[PDB]
Structure formats: C-alpha cells, structure tokens
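Single chain ahead, by itself, as structure tokens, in the form solved without the ligand.
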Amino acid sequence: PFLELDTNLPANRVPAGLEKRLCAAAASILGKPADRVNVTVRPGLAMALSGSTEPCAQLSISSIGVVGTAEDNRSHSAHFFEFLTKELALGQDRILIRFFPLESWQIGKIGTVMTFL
C-alpha cells in the first residue's frame, strides 16, 4: 500500500518516527505486511481544510484490491482516524482521507511492473 500524508504542522511538531509507526498501523488495518507499506509525509505545507487554516492533515491511501468499496473503506477510515488523531493531536474534523484503488500494471517494481512479478 501507498500512504501519503500532507500536513501544515511544521516538521518539528510532527512526532519522530511517525512514518515508521504508520507502516505498522497500515499493516494491521489493511492486512498487508509492514515491509510492503510505503509512507510519504510532507510537513510544513500551507493548507486549508473545510476552509480553515487551523492545523490539519490529508491522507491518501492507494492499494490493490483492499480499498475499493464503501464497506471496506468505512472500516479503514475508522482505524486511520483513530491513529492520526492520537499521533498528531488533531480533532476528527481536521483530517480527511482519500482512497485510490490501483491495479498491478500501474506499479513499477524493480525495473518491471507487478503484473510480471
């Protein structure tokens, strides 16, 4: 899975090791091995969420097969909100998540695409 987190919290207000803990959490939530989780955190951005520039975070989750239905994503959402609100000390209203299903022919790995691995 691919997790991308944008936040307007400065880098020195983002807990150390967040990207690593997010890997373990994602493994537990999406059911994929932690060594297959990819995380990108981009802090110190200028953001408005729900029209407000108060501290917030946007998370994007992309994966093959496990984020393609409302029922699945409803569950994932619950857990990721729990993890983020705690780690970043943000209210539930200051976080939004977007889910993106991917297919194997879209992922380049070790010089080829996953379709052939």
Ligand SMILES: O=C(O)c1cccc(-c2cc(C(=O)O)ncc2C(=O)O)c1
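Positions refer to the first chain, counted from 1. Between two forms, the rigid core is defined as the largest C-alpha subset superposing within 1.5 Å. Only residues modelled in both forms are compared. Compared with the form solved in complex with the ligand:
When both forms sit on the same rigid core, the CA shifts between the two forms reach 2 angstroms or more only at 69 out of 50, 69, 40, 92.
Mapped along the sequence, displacements between the two forms of 2 angstroms or more at every C-alpha, sustained over at least 3 residues after core alignment, occur solely at 65-69.
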Second form
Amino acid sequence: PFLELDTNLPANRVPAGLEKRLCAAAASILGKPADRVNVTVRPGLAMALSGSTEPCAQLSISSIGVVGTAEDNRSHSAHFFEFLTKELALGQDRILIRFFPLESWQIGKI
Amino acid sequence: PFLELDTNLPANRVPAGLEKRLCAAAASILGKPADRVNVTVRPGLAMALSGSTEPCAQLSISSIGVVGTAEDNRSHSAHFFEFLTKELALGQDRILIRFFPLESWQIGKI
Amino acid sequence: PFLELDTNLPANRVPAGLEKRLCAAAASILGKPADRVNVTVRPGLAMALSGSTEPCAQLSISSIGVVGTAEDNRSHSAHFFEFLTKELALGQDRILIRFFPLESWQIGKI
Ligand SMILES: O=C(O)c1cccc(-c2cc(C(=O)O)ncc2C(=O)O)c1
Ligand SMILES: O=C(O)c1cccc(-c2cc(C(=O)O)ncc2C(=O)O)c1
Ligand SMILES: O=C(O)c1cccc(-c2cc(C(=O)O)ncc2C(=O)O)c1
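If the structure you just shared is the form solved without the ligand, then what does the corresponding form solved in complex with the ligand look like?
Whole complex next, starting from this chain.
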C-alpha cells in the first residue's frame, strides 16, 4: 500500500521517525507485510482543512486492497485517526483520510 | 472539495495566507460551504510545466461534485486561472488544473 | 503527461536541474513533445519504501496516453528506473512507479 501524509506541522514539530511508526502501524492495520508498505510525509506545507488553518493532516491510502464501500474501510480509518491524533496531537476534526483503489498493472517495479 | 497546489515559487515568494484566500475562493467558485473546503500548498518544489522551468503552478481539484465533462468544469477552471494568475503573478500558460471525481465511500472522517 | 517525483533525498543532494533532465527523458520515453511534459520534484520528504527509510523515490505518471495493461507500460517503467537509478544513485529496489490514466475533460488549460 501507498500512504501519503501532508501536514502544516513544521518538519521540526513532526515526531522523529513518524514515517517508520506509520509504516509499521499501516502494515498491522491493513494486514499487509511491512516490506509492501510505502509512506511519504510532506511537512511544513500551508494547509486549510474544513476551512481552517489550525494544525491538520491529510492522509491518502492507495492499494490493490481498497474495496469501494465505506464499511470495508471504516475499521482502517478508525485506526489511522487513532494513530495520527496521538502522534501529531491533532483533534479528530483536524484529519481527513482518502482511500484510492489501484490495480496491479498501474504499479511498476524492477 | 480537496485542492492541492504545487509551485516552484519559493515559500517566501508565495503570498502570506494564500491557502486561506484559495479556500474562500474555492467555496465561492465551487458553490460549497467553506467548512468542506480543503487546500494544500506545496511551495519551493522543482518544476517544469509545458517543458519549461519558469515560475508555474499545478492545481488538483478532487470532489464528489466533479462531473466528467469539460463544460461542467470550464467555468470553475476559468475562475481558478483568474485567482492564481493574480495571486502568483503567473501567466495563463504557467498554470494547469486537473479535476478528479471522488465518491463518498473514499472519504474517511471521525 | 504529468510526472510527480517524491524523494527523501535532501534538496541539496538532488542533482541540479533534475526536473529538466526528467522532462526531456519523459518526452523521449513516452514519445510526447516536451511542451506537453510536466514534472514536479518534491525532495527532503520523510519516506519509507518497501518498509525501509534508505534513500528512495516514488514516481507517479499521469497521462491520456496510459493503457491499462502491464505490458503497455513495462518499456516506459524500465526507462524511468534506468533514469532515476543513474540520477539519484538509487538501487532498482528503492524506486516505485505508479501509472494513472487521465481523460481530456479532467485537464483545465486557459
Ligand atoms: O502484488 C504484487 O506482486 C505487486 C507488484 C507490484 C507492486 C505491488 C504492490 C502493491 C501494493 C498495493 O497495491 O497495496 N503495495 C505494495 C506493492 C509492492 O510490492 O511494493 C505488488
Ligand atoms: O458528504 C458528506 O457528508 C461527507 C462525508 C465525508 C467527507 C465529505 C467531504 C466531501 C468533499 C468533496 O468530495 O468535495 N469535500 C469535503 C468533505 C468533508 O466533509 O470534509 C463529505
Ligand atoms: O490534448 C490536448 O489538446 C490537451 C488539452 C489539455 C491538456 C492536455 C495535456 C494532456 C497531457 C496528458 O494527458 O498526457 N499532457 C499534457 C497536456 C497539455 O497540453 O499540457 C492536452
């Protein structure tokens, strides 16, 4: 799976090694091996979420695994909110998650 | 809606509070309440647009609202070009917009 | 076409003008004119790829040109791995490419 996290938290306000803890958490949450988990964190951005510029984060999750129902993703979403609220001291209303299906042909390795 | 703006303008060359003005503009343009508008600005990137490295910007707009016709989006596009040309002193040829449909199930809140 | 490259290489460790060489390479690889090629490089990010935080890069390629088969993209992928391995001194296992189809209506110019 492919995780992309944008935040207006400055790089020096983001916990050291967040990308490592999010990778291991994502493997456990999504039930995938760690060696197939990809995380990108882009801190220090200018962001407005739900109309406001308080600290926030946007998480994109892209995977062959993504099933196009709310319920299929709701347990995953709940875990990712719990992870990000504790790591970045964000309220529940300062995080949004977007899920994107992928197919095998779209992924280039070699 | 979800707005993502990449630019090669350095962070200190981007107008203070662009993310706030783009959020309010987007609400007015897309006819959505401000509290459902999300903006991310990523300045200081290395960018080539239409083959050149002059100042430029790429805007992604993702929404349940996006209708898969040029004409449905053309009035929106026109407004976003007018907004970005004036804020970032870019010519019309230095901006590209991409529209992406979303469905409700893809969005995780809580 | 639209190329987006994320890397954990610091901006000052990324070769000067990578965005220009990637633009010209992409035009030659994808068989498109340079003036329709768009490249974004976002360096200095925190990244884990295949579970690890060694230097890596993620390349997204979005185009009307993208055909939904592995084989249609495999020659393109091979060229982009060859380009990035030599520019960023990354091993083959430290790069992942994702291909995304676009339709004309999604692209706003003016
Ligand atoms: O399934 C494969 O063998 C394969 C081939 C290329 C890439 C991937 C892949 C897919 C996903 C995902 O969609 O969640 N995540 C990680 C990988 C990967 O192997 O890096 C998987
Ligand atoms: O429609 C809802 O109630 C709902 C639930 C979760 C997320 C969103 C949503 C959708 C969009 C959009 O697709 O343009 N924009 C903002 C939101 C949001 O409520 O944050 C809307
Ligand atoms: O085909 C067109 O005339 C046209 C109109 C608007 C945007 C684009 C376009 C499409 C792609 C692509 O999907 O690979 N790449 C570059 C462009 C562009 O003209 O900037 C093309």
